[PDB]
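Protein chains: 4
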Amino acid sequence: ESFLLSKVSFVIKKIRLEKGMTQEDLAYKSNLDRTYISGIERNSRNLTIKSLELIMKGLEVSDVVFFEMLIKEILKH
Amino acid sequence: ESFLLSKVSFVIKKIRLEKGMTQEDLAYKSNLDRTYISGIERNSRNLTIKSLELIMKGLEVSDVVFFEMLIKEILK
Amino acid sequence: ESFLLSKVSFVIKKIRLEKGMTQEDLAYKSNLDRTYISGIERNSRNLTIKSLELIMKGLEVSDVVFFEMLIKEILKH
Amino acid sequence: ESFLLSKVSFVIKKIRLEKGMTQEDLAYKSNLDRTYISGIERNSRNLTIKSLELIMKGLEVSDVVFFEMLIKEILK
DNA sequence: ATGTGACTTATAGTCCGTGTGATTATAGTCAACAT
DNA sequence: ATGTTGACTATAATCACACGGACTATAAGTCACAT
Ligand SMILES: [Mg+2]
Ligand SMILES: [Mg+2]
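Residue numbers (the authors' numbering), protein chains in the order written: chain C, 2 to 78; chain D, 2 to 77; chain B, 2 to 78; chain A, 2 to 77.
Below, simulated PhoX-like cross-link-like pairs (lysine-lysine); rule was C-alpha separation at most 25 Å, straight line:
1. C:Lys-77 to D:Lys-58
2. D:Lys-51 to C:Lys-51
3. A:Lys-15 to B:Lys-73
4. A:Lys-77 to B:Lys-58
5. C:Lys-73 to D:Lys-58
6. C:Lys-51 to D:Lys-15
7. C:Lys-73 to D:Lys-51
8. A:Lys-77 to A:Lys-20
9. D:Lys-77 to D:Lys-15
10. C:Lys-15 to D:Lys-73
11. C:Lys-58 to D:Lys-51
12. B:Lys-51 to A:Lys-77
If you want the ones that stay clear, here's a sample from chain C, every Cβ over 10 Å from chain D, calculated:
13. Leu-18
14. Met-22
15. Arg-35
On the chain B side, residues computed to face chain A include the following (Cβ under 10 Å):
16. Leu-6
17. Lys-8
18. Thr-49
19. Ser-52
20. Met-57
21. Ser-63
22. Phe-68
23. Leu-71
24. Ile-75
Bear in mind the hints are in silico, worked out from the structure with no lab data behind them.
The C-beta atom is built at its ideal place from N, Cα and C for all residues, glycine as well.
Please model the complete structure; the sequences and the hints are all you need to start from.
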C-alpha cells in the first residue's frame, strides 16, 4: 500500500529475528494476537501508534532505538 | 493516554508551528479533516501509520526528519 | 483412513466443545502443538496411546469416561 | 511407563489367552510381526491407534468389546 | 514357541510460519454549534 | 480561526481455526540369536 508501512513491518521482523524471538513469543510478550503479528510482518497491516508501542515493549526495545532503525531502513538503497 | 502518542502529536504541532501553518491549512494540504487534526493535536486521537504519513505529506516533511524530531522530543 | 480414528477424533472434539475449551487451551493444557490438536480434529492424525493419554488429561477427563464415550460414538447410527 | 499403555497390553494378552492363541498366531492373524507383538505384551511398545486396530482384528474382537474389557481392567 | 537387541524406514510429534472467515472495538471521516 | 459533541462507516484488532513445509523423535517393521 504505502511507503512507511512496508518499512515499519520490515523493522519489526528485523528486530524480532535479531532477538531470536519467534512470532509466537512476540505476540504474547506484547499482548496482541498471534495472527496480528504475522499479518503485520506480511506487511498486510496498518497499525496504530498504540499498537506500535505495544510491539516495541514486545521486542524489549526502546521507542528511541526503534525509530533509529526505522530511519536507517528508510535510507538503504 | 500514551506517551508516544502524545509526543507524536506534540511534534506535529511543533512542525506546523515552525512553518507558521494553521490547522485549517494543514488539513487542506494533507487532505484530511480540520476536526481530525484538531483532535490529534490535543492528543485525543490514536492515529494509524497511514494517517501519520498523510500528515507528514501535509506538513511537507520527510519521514526521516519527522522521526529525527520525534526522537529529540522524546528525550526531553 | 480407518474406523477407530475417525471415532477417536470425533470424541476429542465432542468433549472439548462440551467443556467450552478452544483448541488452544486444549493444546497447552495437554502439552502438544496447537497444530497437532487441530490435525487430530480434522481426523488427519493417527495418535499414539501416550498422546491420547495426554489429551485426556488435557480435556480434564478420566481414561474411563473417555472410553465410555468412544464406545457410545462407535455405536450411533 | 504409562498406566494406560500397560493395561492395553495386559488386555491384549488377556484376550489372546482366553482365545488360547499363541503370539505367533496373533501375529499371523493380524498381519504384524511376532517381535512386535512380543514387545507390546511386555509393555515395551507404545502403539498407534491404527496398530491397536490391527491387533483387534487379529484377536477377532470388536472395538466395543475391547474397550469394555479395557475399562474393566483399568478399574482394578 | 517366546524374548531381546540392534538396525533401518516410515511416520508420529514438534516447531515456526501463512492465510481466512466472523466478530468487536475503535479510527477514520463529517455535522453542528461552539468560541 | 480552533474546540467539542456526538452519530456513521470503514477498518484496526480479536478470536477460533486451517494448512504448509522442514525438522526431530520415535513407532513400525525385519534379522539374528536367544531360550
Ligand atoms: Mg488481547
Ligand atoms: Mg512439548
